[PDB]
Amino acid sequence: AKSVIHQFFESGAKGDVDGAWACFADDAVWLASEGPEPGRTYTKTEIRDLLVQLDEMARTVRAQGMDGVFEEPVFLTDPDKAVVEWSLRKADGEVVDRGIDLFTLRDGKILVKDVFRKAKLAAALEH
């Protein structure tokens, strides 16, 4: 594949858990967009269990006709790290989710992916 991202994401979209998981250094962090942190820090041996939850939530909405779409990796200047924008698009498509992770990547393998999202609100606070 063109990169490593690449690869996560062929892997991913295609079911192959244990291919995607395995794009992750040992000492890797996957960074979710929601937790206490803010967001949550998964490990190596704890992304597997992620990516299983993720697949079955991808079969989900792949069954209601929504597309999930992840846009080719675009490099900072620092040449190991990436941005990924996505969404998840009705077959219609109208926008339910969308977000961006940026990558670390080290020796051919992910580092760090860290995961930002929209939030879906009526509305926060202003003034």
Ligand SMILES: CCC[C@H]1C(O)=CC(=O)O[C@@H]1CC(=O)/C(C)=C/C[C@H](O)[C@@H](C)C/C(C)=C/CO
Contents of the next structure:
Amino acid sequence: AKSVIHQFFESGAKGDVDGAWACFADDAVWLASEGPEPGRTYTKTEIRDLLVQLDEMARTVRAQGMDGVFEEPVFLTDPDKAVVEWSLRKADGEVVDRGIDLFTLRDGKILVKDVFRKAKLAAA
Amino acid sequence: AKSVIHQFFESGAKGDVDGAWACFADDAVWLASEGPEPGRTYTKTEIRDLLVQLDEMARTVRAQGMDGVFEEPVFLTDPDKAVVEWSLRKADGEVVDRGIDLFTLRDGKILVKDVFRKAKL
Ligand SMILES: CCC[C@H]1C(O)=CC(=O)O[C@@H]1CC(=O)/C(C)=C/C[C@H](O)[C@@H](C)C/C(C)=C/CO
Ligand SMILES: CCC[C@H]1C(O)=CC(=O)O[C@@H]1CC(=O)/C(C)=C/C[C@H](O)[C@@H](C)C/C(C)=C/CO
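With the form solved without the named molecule done, generate the form solved in complex with the named molecule in the same format.
Following is the full complex, with the preceding chain placed first.
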């Protein structure tokens, strides 16, 4: 793959939890979009079940014609960091969920996946 | 300023609402971090009142001893895009709010400010 980031989204789309999990350094953290920190930190031992939960969610939204769309990573002037814009979309194009990941890489592995998403609310 | 993104944040830190607003192109959008879209689209005519609101909230959080930190913008390999990481911290340093802006520029103006934030507890 053209980067570990590409490898990660490849494996996840295919449901290869173990392949996606191995993209992360042993000292990596996945900083989820929601929690008390604010957000929520997952270490490498906890990321695999997160990936399991996400794979469960993925095929149930797919079972309703939803598509998850992950854009090409665009790197920062720091070549070990990149953003990935992403969305979850109904078959008719309606955006259900939209977010951005800030990746920090090290030694060809993911060191940080910092996840953000728009909060769907009645009013901003 | 080092860039129009720098000018926006410096103008805002200086309470210059009109100077910050002027950084946006007339066809710019501010894609807010919450709302039904998901998020919420504000056009250039609506952005000024958002800046007035944020100026007041900044003064309020400061009086409660909180600290807003906006990191140096980092451009992408596409030089018309950049991220700014930001956070809001309690006096001691506890983070109560954390986010990131993805900027799109055109001809020296802000065209898109796409705002994201963590959802708390
Ligand atoms: C269980 C809570 C963890 C989540 C979170 O809140 C923040 C976090 O970072 O990880 C979890 C969310 C997340 O990252 C991603 C990639 C979300 C994309 C999409 O919206 C999901 C519904 C999964 C999906 C169908 C992908 C395409 O098939
Ligand atoms: C109410 C106005 C709309 C907001 C919103 O809900 C979503 C949106 O995208 O823009 C507005 C939110 C916003 O930009 C930021 C950066 C909020 C962080 C923090 O809370 C402020 C107190 C930061 C600050 C000025 C610190 C002073 O040092």
